[PDB]
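Go by the hints and put chains E, C, A and B with the ligands onto chain D.
Each chain is listed here by its residues.
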Amino acid sequence: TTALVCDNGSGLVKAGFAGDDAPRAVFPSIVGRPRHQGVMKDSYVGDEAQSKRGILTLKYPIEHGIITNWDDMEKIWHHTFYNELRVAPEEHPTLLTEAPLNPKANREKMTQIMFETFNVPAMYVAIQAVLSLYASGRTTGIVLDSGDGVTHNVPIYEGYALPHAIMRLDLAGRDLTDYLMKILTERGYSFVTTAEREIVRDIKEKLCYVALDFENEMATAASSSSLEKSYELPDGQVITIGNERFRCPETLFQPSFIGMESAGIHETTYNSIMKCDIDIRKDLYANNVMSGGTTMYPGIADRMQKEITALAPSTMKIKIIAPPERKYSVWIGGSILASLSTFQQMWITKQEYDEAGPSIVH
Amino acid sequence: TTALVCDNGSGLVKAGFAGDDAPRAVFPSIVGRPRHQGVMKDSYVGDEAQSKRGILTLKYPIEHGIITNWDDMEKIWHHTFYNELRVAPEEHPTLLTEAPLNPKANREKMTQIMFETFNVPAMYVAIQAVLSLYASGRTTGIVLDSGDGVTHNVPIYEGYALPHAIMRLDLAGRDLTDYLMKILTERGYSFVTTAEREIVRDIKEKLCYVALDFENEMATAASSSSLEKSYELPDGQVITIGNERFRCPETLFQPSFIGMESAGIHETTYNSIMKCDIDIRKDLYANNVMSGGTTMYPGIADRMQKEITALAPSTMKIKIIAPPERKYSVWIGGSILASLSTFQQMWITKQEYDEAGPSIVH
Amino acid sequence: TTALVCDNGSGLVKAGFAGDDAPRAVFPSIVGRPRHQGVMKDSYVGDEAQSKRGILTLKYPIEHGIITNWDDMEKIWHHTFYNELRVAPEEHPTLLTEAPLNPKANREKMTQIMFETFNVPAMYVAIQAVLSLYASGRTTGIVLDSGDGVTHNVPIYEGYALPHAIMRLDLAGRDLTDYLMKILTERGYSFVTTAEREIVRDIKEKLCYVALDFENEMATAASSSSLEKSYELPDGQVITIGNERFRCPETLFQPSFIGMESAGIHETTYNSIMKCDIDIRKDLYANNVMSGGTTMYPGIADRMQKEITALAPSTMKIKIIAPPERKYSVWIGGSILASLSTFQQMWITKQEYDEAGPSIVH
Amino acid sequence: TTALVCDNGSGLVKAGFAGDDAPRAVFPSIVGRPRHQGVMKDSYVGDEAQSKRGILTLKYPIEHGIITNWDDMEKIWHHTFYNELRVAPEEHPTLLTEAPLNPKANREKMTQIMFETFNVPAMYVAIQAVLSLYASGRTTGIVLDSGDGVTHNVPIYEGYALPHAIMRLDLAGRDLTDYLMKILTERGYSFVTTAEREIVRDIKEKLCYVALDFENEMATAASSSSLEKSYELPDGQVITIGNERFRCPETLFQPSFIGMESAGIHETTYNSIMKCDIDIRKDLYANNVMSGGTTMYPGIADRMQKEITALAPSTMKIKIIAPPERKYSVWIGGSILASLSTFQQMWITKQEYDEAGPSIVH
Amino acid sequence: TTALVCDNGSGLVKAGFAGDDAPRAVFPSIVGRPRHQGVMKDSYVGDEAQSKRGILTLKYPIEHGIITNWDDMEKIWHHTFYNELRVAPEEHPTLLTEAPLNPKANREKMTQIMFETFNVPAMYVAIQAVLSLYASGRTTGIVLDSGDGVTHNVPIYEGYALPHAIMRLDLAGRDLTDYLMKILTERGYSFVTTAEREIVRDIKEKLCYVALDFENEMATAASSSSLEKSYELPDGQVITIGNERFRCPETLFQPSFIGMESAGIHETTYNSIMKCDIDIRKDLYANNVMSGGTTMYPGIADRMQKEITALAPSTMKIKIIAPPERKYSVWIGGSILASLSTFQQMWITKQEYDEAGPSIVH
Ligand SMILES: Nc1ncnc2c1ncn2[C@@H]1O[C@H](COP(=O)(O)OP(=O)(O)NP(=O)(O)O)[C@@H](O)[C@H]1O
Ligand SMILES: Nc1ncnc2c1ncn2[C@@H]1O[C@H](COP(=O)(O)OP(=O)(O)NP(=O)(O)O)[C@@H](O)[C@H]1O
Ligand SMILES: Nc1ncnc2c1ncn2[C@@H]1O[C@H](COP(=O)(O)OP(=O)(O)NP(=O)(O)O)[C@@H](O)[C@H]1O
Ligand SMILES: Nc1ncnc2c1ncn2[C@@H]1O[C@H](COP(=O)(O)OP(=O)(O)NP(=O)(O)O)[C@@H](O)[C@H]1O
Ligand SMILES: Nc1ncnc2c1ncn2[C@@H]1O[C@H](COP(=O)(O)OP(=O)(O)NP(=O)(O)O)[C@@H](O)[C@H]1O
Ligand SMILES: [Mg+2]
Ligand SMILES: [Mg+2]
Ligand SMILES: [Mg+2]
Ligand SMILES: [Mg+2]
Ligand SMILES: [Mg+2]
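Protein chains in written order, with the deposited numbering: chain D, 5 to 44, 50 to 371; chain E, 5 to 44, 50 to 371; chain C, 5 to 44, 50 to 371; chain A, 5 to 44, 50 to 371; chain B, 5 to 44, 50 to 371.
Keep in mind that the hints were calculated from the coordinates and are not lab data.
Warning: the hint list may mix true and false statements.
Since the list gives no way to pick out one identical chain from another, each pair is judged satisfied if it fits inside one copy or across any two copies.
Stated by the list, open to error - As a list, the in silico PhoX-like pairs of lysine-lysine whose alpha-carbon atoms are at most 25 angstroms apart:
{"no.": "1", "residue 1": "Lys326", "residue 2": "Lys61"}
{"no.": "2", "residue 1": "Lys328", "residue 2": "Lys238"}
{"no.": "3", "residue 1": "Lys315", "residue 2": "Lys291"}
{"no.": "4", "residue 1": "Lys68", "residue 2": "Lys118"}
{"no.": "5", "residue 1": "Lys68", "residue 2": "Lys238"}
Only chain D is shown next, with the shape it has when bound in the complex:
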């Protein structure tokens, strides 16, 4: 029987069964609806929306970790269970995930629906970063979890999270996508459509990388070189991309490029550690775990180390952990946690919920 694990985040839905070592269904959190008049099914989800992307207007029900369009959200869950996993929801307890510091009501309504729409016998909502650490197999470390919608820092020491130093930025994969949509027009590549937004997403994933030394990377870039790469569009049009390959991901470190007043990840993580007790700090430095799909950028860990070692004390050893399959870290953690025998009492039982009411999930 076991249980279901559903990392219902922004961008991608990663779902499978608790106890498995990998998701069974990985697909976009996208709902598509016929842009053009048509009628010469007005509801496509995930891979459907992808395959018919050039007709549909693609929407993301979740933005910045927040479920905005609840109808579309429900729609996706429906597919997740009935069409993707092929499971009768009510036979399994469900583990959901959430980004720390989300609007309280987000979780409240989310779990409500699981109980009412899907008749899920029991459920639990876990903080994504916590699961990520748990996935790697550590009790101590600071988690830099950065995905499509949010970026956050959660410091955990020997099983104890330190809430007061949790950091959260809106810089994320989707912002990076849009930044390319902007700067590609410097060459003239008007990637202005939603379909093109998705194309650009593919461009990120294949061509972008993190500069180790941005200033000299730009100096290098000024000279014609290996930096220049070609890319094949769906219509056969070849795109030449150069500076943008690293100028885009650099915005994670220099947010002002996009327009954010906040500090870059380097300093954001640093500050999180600064807000923790001195006796803890050392261990956080030696256990800096990165996870989430934006950390899939080439050399992001190396650049991270470079700058955080500059920020920290010279006698402070810093180790960044880049556990491969970073992209699925949270889901993995969920699988583990749900299988854990000492986690069974953590399930909120429908009966219990019905008695207690919404508030119980917080």
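Positioned in the frame of chain D, the structure of chains E, C, A and B with the ligands alone reads:
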């Protein structure tokens, strides 16, 4: 001596001397070449192309704010200086204008030519929207600059532009022209030629207006009424136009009519403001400046106010500024700026350019 | 001629002339610099930074009572004298204030600058809490002085301070501000910017209050009631705030909410008294003076009395003194002290300083 | 005019005018000086030192009947005349008192000061015990005079003192005070300060009593009973005292409790009588006069009788005289003596002194 | 079989088996409990609390030699026997230690628990100072025993303690720790946390020393010199400490620095000797034994000699004994005493106790 100001945009070339309160030469950015065999001068520009429009194939060297046909572009500049303004280029520094977010290379090559072909001692390229604001005489406001080729929103606050919220659409005067060429065929008026495209341009300017309440405007239109207007073609053929008088300009607000997935101007401007800091927003709302010839449509400002006040907060005062001579706003701003004594150090000197190289203009 | 009194604290600069009953210049200790590229004056202070808050990055030169950014600090002093008070520094002796237990070097360098940059003929640095007591007009009492950067307890008996029982916490107005920036996101109000930090400051001052019975205040809060208040943002957006109105100021009493291991103010003050001689204690209890702008919270005095009477002996009369204009207490005291004829020998004369050297101020 | 009588002893200064039936000024022989840094008058005397006791370090210029700190001693005399009695010293002759067997130089210097500092026209120094007997109105009896600093036995028969049997112990009120400061820590009441020493003095005077049968008083004390008393400190702290109520005064009878090898008062007085002629003894037994403030303990006379009757012969009638106002006995005697017409030739005249020199007072 | 010796003092627990020449278990008397929410074992002792110090709130069950938190006290004893020594309590008689003049009830309850909780067949409580002398191997000397919680002087002559001259101060290692926590903020090192208190403890032990000539040590300190030392925090932050290295331990000699009215150790010890018989004094002077961990400060013995020789007579030889391993002196003495054959009758047998009752231990 002073200087020259040249608003070399799409559709119209607006040129004159810095310090004047109006352009001296206003003519179409059109190059015409004998369509028919002929030979029973194969290069006509502006008013020439207009006067001989029924023979020539009329081309626009600039499209969507981008100089596409550089040979024809140069040709027009040649006439601008030598035949229109009657000026020996090299005696004056030249102010050029450009739509924000254009292909970097556009400006690069443009200025190259000014230095090499015309020996222009010095030059400067300014963003059109910026000049527009400057023309009205404000340091704060959001500029909705919409002309023949592009539509864009530039938010400026006390002299500081906010790049990250600049919006840009391809909806424009030329698109509107073509939309009429399409929908006039509903009655049967096959305006399919290039010559006819130009005729239709005239039709826009004289008969189109912006509906305040499109839905009831259509309901009104369903009944025979004052809406129906006659129009005289060059060959004496009378054209009857009704619904189209407002259905065409409505596409600026409902882009899907043409086929664009983007939001209408109402929401485009709104979103631009949303991306700006909350402390700024209020002033942007009370200083919404419209400029560019597409804003010459009757009641476009009133309709704009209607919808943006619907989008904004009920406690938010919104004022739309429609400074008459909107059509020449940018050029006016240029004249002012160039005359400004504290602008003289902004000129890029040929010597300086020759040393630095192309990149200096960015 | 008289003298100048300058309560150069964190958050607000309160300055005026000695002998006046109120400050002449009250403005924020803030330096603002253009966040965005700009240049489409890069130094704004106090009210300037406020008026242009949505462009500038606002920094506080002073943090936790410590002058961190000395260049910006000097900048503010410059404005204080030349633009705010309109006084030629060198014509007046200056009274400065300082929070007890500050880094020795803070005062050293501060006074150095007054002598060297501003040519101030003479000066004196007084402990803020001492002046506060002096302002109320008492020789005996314990001063709970709590402002933007620091909170401290100074026990004074018949003119004799008791150093060994001075308490000092980092809990302060600014921390409270940030706590709201955090907990408002429970509803979803992402007040994440610096501009928004300032907006939140305004929210504190208008909506926050101190719960008398926090536990039942929360129980009350659980039910929809009068607790819920609306707030108008600069962009017209209405914010609904409830629990947070008292959960924020409660952190002064339960520091762990923020993340501090220290005791709440109740016990902090109590402990200060415990460290004083038994023969003194009684009078300290009957003369508990509160001052500083954080004590402007509604009912903070009443709550204070409640808990301190619980902590103290049942036969011990406790009276909390909330002398209105608590917010300006220190400055007032300074005015009085400086006017005092028997205070004139306390001025450190530039000549004297030049001979003695820095150390003299301690 | 009359004269002044000044019982300048340890602990208390009892002064007034000769001829009065009571002292006009009764205050502590204490000089207080600001313990803490202060200066945020460094000389307080008597009631001043008491009122400001929690700041000042309280010192007793006199210890064990000996003037140790002469500067502080003079200080007190200054107040005695100028602030307390409001008398111009030089207008009156002064009667001083002294404990028998004091260091010769004590009297020498004391009287010197009266003549030189205060210009006292004439003076006389009387033995305290002698005056005490004189106060009661007897010519025969043995005087047990026991106060703050000394305890002594002076046997006088029909106006003739018997020097060779004068006894003197250092056991005294102050020692008893300190003994409580010690034994109260058995319960945990750390009365360790000087301020607390004074508090403990108050405790003595209100709660201590002399056990009649110490051994069974302890046996009684072992059972929870009426013995337990509460006491209110200046800070409202309630103190519970039991065994100590009589264990402290018992040390007068069992000096080893403190650490003295000498015999208790019972045997000390007994021995004094033993050293007197047999023909005298009987009358001494029937006239055992107790005086001095330590004899204010409840039941001390009764206990005294108990034990001295045990020590003496069974046929020997013993009567202990406890003339109420024992505490002021000496001063009273002084008043009487000074008013006595046949005492006027006993005054040492300044002229006489100036001729004779110091030695005259012995 | 032998016995167990447990020097259960404040700060450190020093335990081992009687007959051994050193403790087997030396660990902090600290109980730690998760400060932060946690649960993302709530009872850590000694080395556990140390290793997890940055999470836990560390408490000392014993303060000033008094067991305050009995539950935590018991907890530590539990670990002492079961986890540290690995001994089944009931198989051994236990020697406990206590600081002279402690609250009677402290010992009463302590021994109760040993009999009831741990079923200890027999026990004895010895005065710490006595054991210390015994450890050195002397019958005559004055013991200056100064540790984490208390400082006391016990004079013993040829096996006879002299109770009436036992001195006791609250000045101690912990007070010194806190004094650094205060004065380090003069440079700006806000060591305000409990974790930091412990860090500061380490700072004491490695950098503090006793000035021989404090006044000229300060004069020396005024000049930049070798006095300045660096220190490495757990987070790699380097701390520079100078004056504080000796200003902190100086408070043992000038208590007013902290805020105590009592005399410094120099005079405290001196006075103890003054209260002893003159025939004894000489031997006490030549046998001044120092013990307890606060006497581990560099040069404390030398400074002690300096000042006590100033206080004593010039013909009085003074020798201070600093028997290395001063820190474990008491425990050592206990081991010896317990092994002593003529000490076996001193054990209080559970049977005996059960008959007699609590009071027997006094
Ligand atoms: N292979 C890749 N290389 C670079 N970037 C990637 C890669 N894969 C994903 N990312 C991008 O960054 C985001 C990664 O998605 P993902 O980590 O699953 O976020 P999420 O956990 O699902 N959403 P959330 O945690 O709610 O913000 C997407 O926008 C991807 O475009
Ligand atoms: N009187 C008018 N009434 C309505 N529309 C007009 C009028 N005049 C111009 N427009 C139309 O809208 C466009 C206005 O031209 P114009 O503002 O000069 O654009 P531009 O600034 O020259 N080109 P650009 O800024 O590069 O997009 C032309 O297509 C005109 O047909
Ligand atoms: N009217 C108010 N109501 C509630 N809180 C206030 C009010 N006014 C000020 N405070 C807040 O608490 C702080 C008060 O400022 P203030 O007492 O002047 O501190 P300060 O004396 O200038 N700084 P310092 O003494 O150096 O910590 C600011 O953060 C205010 O937001
Ligand atoms: N009401 C009282 N009850 C018990 N003891 C008292 C009382 N009054 C005084 N004594 C105590 O015993 C001492 C009495 O003071 P007092 O008899 O005036 O001594 P003195 O004559 O002034 N000094 P001296 O004769 O020089 O030793 C003080 O220490 C008092 O605390
Ligand atoms: N190596 C050292 N150098 C300087 N000081 C030390 C050193 N070791 C210990 N002390 C300090 O002084 C105290 C010594 O501990 P310790 O002598 O064991 O006291 P204790 O006997 O256990 N407690 P107590 O006798 O009940 O007051 C601790 O606070 C230490 O920080
Ligand atoms: Mg995620
Ligand atoms: Mg234009
Ligand atoms: Mg203040
Ligand atoms: Mg007397
Ligand atoms: Mg010890």
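A quick look at each hint next to the structure:
In this assembly of identical chains, the alpha carbons of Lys326 and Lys61 lie at most 25 angstroms apart only when taken from different copies (20 angstroms versus 50 angstroms within one copy). Proximity of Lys328 and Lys238 under a CA criterion of 25 angstroms is satisfied in neither setting, with 32 angstroms inside one chain copy and 30 angstroms between copies. For the identical chains of this complex, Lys315 and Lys291 are intra-copy neighbours only, at 17 angstroms inside a copy versus 42 angstroms across copies, given an alpha-carbon limit of 25 angstroms. When the C-alpha separation of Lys68 and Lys118 is checked against a cutoff of 25 angstroms, the pair qualifies only within one copy, where the shortest distance is 20 angstroms, while the shortest distance between copies is 39 angstroms.
In this assembly of identical chains, the alpha carbons of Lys68 and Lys238 never lie at most 25 angstroms apart, being 30 angstroms within a copy and 34 angstroms across copies at closest.
Checked against the numbered hints above, the structure breaks hints 2 and 5 and satisfies the rest.
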